[PDB]
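S.K.: Chain by chain, the residues run as shown.
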Amino acid sequence: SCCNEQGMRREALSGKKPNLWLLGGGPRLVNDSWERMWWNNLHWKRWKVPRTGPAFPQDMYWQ
Amino acid sequence: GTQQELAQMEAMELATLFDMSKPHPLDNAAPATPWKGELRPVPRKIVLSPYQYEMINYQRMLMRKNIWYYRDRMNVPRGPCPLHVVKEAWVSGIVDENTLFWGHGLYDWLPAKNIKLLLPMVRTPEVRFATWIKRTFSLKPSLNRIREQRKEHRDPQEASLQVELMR
Amino acid sequence: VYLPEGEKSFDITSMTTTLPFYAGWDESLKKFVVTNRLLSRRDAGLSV
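Protein chains in written order, with the authors' numbering: chain C, 65 to 127; chain F, 78 to 244; chain A, 1559 to 1606.
The set of hints was computed from the structure by calculation and includes no laboratory data.
Cβ atoms here follow ideal geometry from the backbone N, Cα and C, with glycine treated the same way.
Be aware that a few hints might be false.
[Claimed, not checked] If you only want the chain C side, here are some residues facing chain F, beta carbon under 7 Å, derived:
(1) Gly-117
(2) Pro-121
(3) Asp-123
[Claimed, not checked] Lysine-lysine pairs mimicking DSS-like chemistry, simulated, CA-CA at most 27 Å apart:
(4) F:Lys-142 - C:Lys-109
(5) C:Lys-112 - F:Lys-122
(6) F:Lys-164 - F:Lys-99
(7) A:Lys-1588 - C:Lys-81
(8) A:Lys-1566 - F:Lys-99
(9) C:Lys-80 - A:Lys-1566
(10) F:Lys-193 - F:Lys-122
(11) C:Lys-109 - F:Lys-164
(12) C:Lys-109 - C:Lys-81
[Unchecked claim] Cβ pair distances, simulated, as ranges:
(13) F:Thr-201 - A:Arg-1599: 22 to 30 Å
(14) C:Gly-88 - F:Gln-129: 47 to 55 Å
(15) C:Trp-126 - F:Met-86: 53 to 61 Å
(16) A:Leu-1561 - C:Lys-109: 46 to 54 Å
Generate the whole structure from the sequences, applying the supplied hints.
M.R.: Printed below as a string of structure tokens:
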């Protein structure tokens, strides 16, 4: 997010339409369904909770 | 004679005492002592019973896997927040005890200090030291500078949120 | 119905729009701006 913000600011100040770089990849040229077209970015975003949060319990029980 | 009449009148008053639409003569009455702005005395000695210990342990068991959410000034939910993300946001001065949070065990959005066990989890000694440093050396001088630079911040009406960030 | 309503505004709670913001090219102001105008739900998912 920080890198995209800085890049878009720099591109806008330079006189061009800014672009957004997606984590996972770009779109697929298909004509069936919207999920398949943007499968890579959706696949990256669907792992948000497992990627960040720990598997073990955060607090302590029984003590 | 008079006792029975007084008892009946008191029963009638009890009948409509909590009818908030009915005005009552004891409303806005003169207190026994002149009114002065007081504050609740801070407790000193606290002795917890085993009942409270076990209740706290049970509540910690229920909330040990929670993921929290909070709301910003524009009334938009903000980010999937595990415990360490909440701690980092608290240290950075983005959220405080008045922010609206939601977790698994609640039905509505409540202020952070009104959730049962959310402040003890965040406030580790390192978090306290870091938030004190951030409040004292980064946010306060910046607030002073922005107040001095722009006149749109009216001097008579100035917020005091930075002063109480450490808590 | 001949009842007073000037002391209040009939709204116990203010109605606030809840829409997340994002940055993009307006193409009308020709400026890079932050807004909250999303595509209508009558066309979301059907076509691109």
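S.K.: Compare the structure with each hint and give your call.
M.R.: Verification of the supplied hints:
{"no.": "1", "hint": "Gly-117", "verdict": "holds (4 Å)"}
{"no.": "2", "hint": "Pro-121", "verdict": "holds (4 Å)"}
{"no.": "3", "hint": "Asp-123", "verdict": "holds (4 Å)"}
{"no.": "4", "hint": "F:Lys-142 - C:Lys-109", "verdict": "holds (21 Å)"}
{"no.": "5", "hint": "C:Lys-112 - F:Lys-122", "verdict": "violated (45 Å)"}
{"no.": "6", "hint": "F:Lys-164 - F:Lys-99", "verdict": "violated (49 Å)"}
{"no.": "7", "hint": "A:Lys-1588 - C:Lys-81", "verdict": "holds (9 Å)"}
{"no.": "8", "hint": "A:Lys-1566 - F:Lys-99", "verdict": "holds (20 Å)"}
{"no.": "9", "hint": "C:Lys-80 - A:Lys-1566", "verdict": "violated (51 Å)"}
{"no.": "10", "hint": "F:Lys-193 - F:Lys-122", "verdict": "holds (21 Å)"}
{"no.": "11", "hint": "C:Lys-109 - F:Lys-164", "verdict": "holds (23 Å)"}
{"no.": "12", "hint": "C:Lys-109 - C:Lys-81", "verdict": "holds (25 Å)"}
{"no.": "13", "hint": "F:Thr-201 - A:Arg-1599: 22 to 30 Å", "verdict": "violated (44 Å)"}
{"no.": "14", "hint": "C:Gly-88 - F:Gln-129: 47 to 55 Å", "verdict": "holds (49 Å)"}
{"no.": "15", "hint": "C:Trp-126 - F:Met-86: 53 to 61 Å", "verdict": "holds (59 Å)"}
{"no.": "16", "hint": "A:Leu-1561 - C:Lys-109: 46 to 54 Å", "verdict": "holds (53 Å)"}
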